[PDB]
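Only one chain is included here, represented as structure tokens and corresponding to the form deposited in one PDB entry.
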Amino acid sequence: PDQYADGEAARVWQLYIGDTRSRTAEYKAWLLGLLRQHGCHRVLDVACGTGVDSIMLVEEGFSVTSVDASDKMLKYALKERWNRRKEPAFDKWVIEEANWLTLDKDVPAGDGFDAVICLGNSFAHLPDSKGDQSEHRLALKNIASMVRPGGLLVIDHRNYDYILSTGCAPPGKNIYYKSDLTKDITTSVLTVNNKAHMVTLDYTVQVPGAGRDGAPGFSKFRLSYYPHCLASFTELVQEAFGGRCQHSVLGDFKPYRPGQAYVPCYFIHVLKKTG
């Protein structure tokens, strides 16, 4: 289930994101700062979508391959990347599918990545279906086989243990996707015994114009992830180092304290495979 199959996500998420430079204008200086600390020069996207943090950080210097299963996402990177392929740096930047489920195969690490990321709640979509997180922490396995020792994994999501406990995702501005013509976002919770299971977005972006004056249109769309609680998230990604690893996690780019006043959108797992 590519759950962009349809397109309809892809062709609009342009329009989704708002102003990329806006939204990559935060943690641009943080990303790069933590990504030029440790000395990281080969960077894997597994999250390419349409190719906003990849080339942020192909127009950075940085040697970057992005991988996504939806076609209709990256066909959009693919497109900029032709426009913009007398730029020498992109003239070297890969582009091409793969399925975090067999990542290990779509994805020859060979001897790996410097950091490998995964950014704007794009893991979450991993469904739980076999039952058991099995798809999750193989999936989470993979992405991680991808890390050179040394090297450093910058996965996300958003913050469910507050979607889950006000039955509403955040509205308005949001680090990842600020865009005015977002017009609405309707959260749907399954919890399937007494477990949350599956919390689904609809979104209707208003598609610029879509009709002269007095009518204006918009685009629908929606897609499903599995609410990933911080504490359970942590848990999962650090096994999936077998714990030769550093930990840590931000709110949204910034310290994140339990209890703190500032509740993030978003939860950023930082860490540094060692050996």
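Throughout, rigid core stands for the largest set of C-alpha atoms superposing within 1.5 Å between the two forms. Numbering follows the first chain given and starts at 1. First, how it differs from the form deposited in another entry.
- With the rigid core aligned between these two forms, only one of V207, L236, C229, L250 has a CA shift of 2 Å or more: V207.
- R42 shows a C-alpha shift below 2 Å between these two forms [criterion: core-superposed Cα displacement of 2 Å].
- After superposition on the rigid core, the Cα atom of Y177 is displaced by 2 Å or more between these two forms.
- Remark: with the core as the superposition reference, the CA shift of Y16 between these two forms reaches 2 Å or more.
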Second form
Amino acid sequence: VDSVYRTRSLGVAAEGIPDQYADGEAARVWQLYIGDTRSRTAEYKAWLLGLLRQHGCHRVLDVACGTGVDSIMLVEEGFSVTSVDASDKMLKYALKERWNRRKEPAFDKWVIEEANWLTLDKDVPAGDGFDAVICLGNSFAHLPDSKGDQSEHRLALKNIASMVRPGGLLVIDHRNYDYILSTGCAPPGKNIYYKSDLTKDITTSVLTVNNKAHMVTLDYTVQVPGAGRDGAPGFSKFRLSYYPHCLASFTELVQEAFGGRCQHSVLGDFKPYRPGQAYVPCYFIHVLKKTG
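Given the form deposited in one PDB entry, state the structure of the form deposited in another entry.
Below: the lone chain, stripped of partners and molecules.
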């Protein structure tokens, strides 16, 4: 019988040595990519701040915290923000920012915590509920459908909806999977939230099981600038996958998390979406108010 013997179990750590896959090529380019989410768009800052001001929002939950980018902006702008994420490699970066800016009182008062959408209700005390829960940049699509029925999608989305105060707002988005599913090409860098300073090439694979689109996998080949001989760049690659959320399924899923007690509007890039307009958006943003 063939035995394989690992030096240590997958998932364990040890004091003087880097964790399991922390310095592979894939993790190295990936770090350049997550650091390139820096340069937020004027449009983005303008839309989101205006939405939240117009509604009088003050406590806000960022449920896809990441490196802290969206959250750092709300802290700076005076909101009282709680930020959670299920990933520790990403939470490390937010945490580091809060420690650096500790002495600025608004950053001493920023709550970053671990939480999973599947167990949110128990990970995060709702309190009287928040004024706006945000889940933006196609964070949500990372979540696969393991069970084949979309039960896990329904559960994460209900819990997210459970953190909205009555009268409050959920702002959640997804990339345009309707376009991607029909050209087979997720085109690089047409991005409405941060301007990318890296050049990347994307290969898109779409897996369809029986007749249903089940996953979109993107291979990102990143030109890394200083890494050849006489100043030339190198190229390296990493991969990430997603659930291809179509606008109509998603609209059903999201209004179902509210039990139908919501108003619901869907924007196109930051502008309205009239189904059958010419302009094919890169991202659909849904803004739901709990009306009940």
